[PDB]
Amino acid sequence: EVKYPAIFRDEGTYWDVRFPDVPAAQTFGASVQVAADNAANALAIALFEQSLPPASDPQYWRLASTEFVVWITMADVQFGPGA
Amino acid sequence: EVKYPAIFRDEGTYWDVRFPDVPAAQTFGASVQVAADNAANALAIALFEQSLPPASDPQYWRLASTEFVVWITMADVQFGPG
Numbered sequence: 007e008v009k010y011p012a013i014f015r016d017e018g019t020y021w022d023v024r025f026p027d028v029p030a031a032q033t034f035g036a037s038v039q040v041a042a043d044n045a046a047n048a049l050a051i052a053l054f055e056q057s058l059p060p061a062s063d064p065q066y067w068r069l070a071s072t073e074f075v076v077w078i079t080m081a082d083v084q085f086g087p088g089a
Numbered sequence: 007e008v009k010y011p012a013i014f015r016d017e018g019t020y021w022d023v024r025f026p027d028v029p030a031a032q033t034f035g036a037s038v039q040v041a042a043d044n045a046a047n048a049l050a051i052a053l054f055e056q057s058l059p060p061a062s063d064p065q066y067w068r069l070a071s072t073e074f075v076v077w078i079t080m081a082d083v084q085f086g087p088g
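So the sequences go chain by chain: A and B. The authors' numbering applies: residue 7 is where the first sequence begins, and numbers increase by one. The authors' numbering applies: residue 7 is where the second sequence begins, and numbers increase by one.
Since the hints were made in silico from the structure, they are not lab data. Keep in mind that the hints are not guaranteed to be accurate.
Said to hold, decoys possible - Derived pair list, reagent style DMTMM-like, types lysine to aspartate or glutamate, alpha-carbon separation capped at 25 angstroms:
#: 1; chain 1: A; residue 1: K9; chain 2: B; residue 2: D43
#: 2; chain 1: A; residue 1: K9; chain 2: A; residue 2: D27
#: 3; chain 1: B; residue 1: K9; chain 2: B; residue 2: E55
#: 4; chain 1: B; residue 1: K9; chain 2: A; residue 2: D43
#: 5; chain 1: B; residue 1: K9; chain 2: A; residue 2: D22
#: 6; chain 1: B; residue 1: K9; chain 2: B; residue 2: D63
#: 7; chain 1: B; residue 1: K9; chain 2: A; residue 2: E17
#: 8; chain 1: B; residue 1: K9; chain 2: A; residue 2: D27
#: 9; chain 1: B; residue 1: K9; chain 2: B; residue 2: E73
To be verified - The following residues of chain A were derived to be distant from chain B, with all beta-carbon distances above 12 angstroms:
#: 10; residue: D27
#: 11; residue: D63
#: 12; residue: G88
Yeah, the Cβ is synthetic: ideal placement off N, Cα and C, and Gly gets one too.
Here chain A stands alone, though its shape is the one from the complex:
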């Protein structure tokens, strides 16, 4: 399981999700859980055929009052033999 720390940001009517370690995995969702579901897929997209960067330790981050961290597991769906 490949996990990265996401910053969830309250935009009032939706949640913005970004990964400092994986900038191309930026997404959003109407609720925290939908945003999290989306974030798992966004990580898979962004890390396709890429080397995997280290995960940052979020304890060193300075966050806004609108922001909190969720660890997101990268989606990894396989359909063929040997999954």
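Starting from the structure of chain A, add chain B where the hints point.
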């Protein structure tokens, strides 16, 4: 880098990817990651040596429960010896 917001739609056995700003760049893949790679290439083909349309702000869209948005970077087209 040229980037557009894409809507990814989960069809169970595959993903349907479309760009509201670049309608000719509709594509598909079994996994999200392959679908997205295809989408980078679809942008490159649809916009090859053409004027770039403005990119929309996607948070104004109402998405289905099976949909999400990410930003896809147009692939670079290269020609090499055949």
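Now for the hints, and whether the structure bears them out:
1. A:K9 x B:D43: Holds, at roughly 21 angstroms.
2. A:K9 x A:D27: 11 angstroms, holds
3. B:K9 x B:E55: It holds: about 15 angstroms lies between the C-alpha atoms, which stays within 25 angstroms.
4. B:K9 x A:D43: 22 angstroms, holds
5. B:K9 x A:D22: 18 angstroms, holds
6. B:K9 x B:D63: Judged against 25 angstroms, a Cα distance of about 12 angstroms means the pair holds.
7. B:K9 x A:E17: 22 angstroms, holds
8. B:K9 x A:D27: Cα-Cα ~19 angstroms, so holds.
9. B:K9 x B:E73: Roughly 19 angstroms between the alpha carbons, so the hint for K9 of chain B and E73 of chain B holds.
10. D27: Given that every Cβ of chain B is farther than 12 angstroms from that of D27 of chain A, nearest at about 16 angstroms, it holds.
11. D63: Holds, because the least Cβ-Cβ distance between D63 of chain A and chain B comes to about 25 angstroms, which exceeds 12 angstroms.
12. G88: 15 angstroms, holds
Checked against the numbered hints given earlier, the structure satisfies every one of them.
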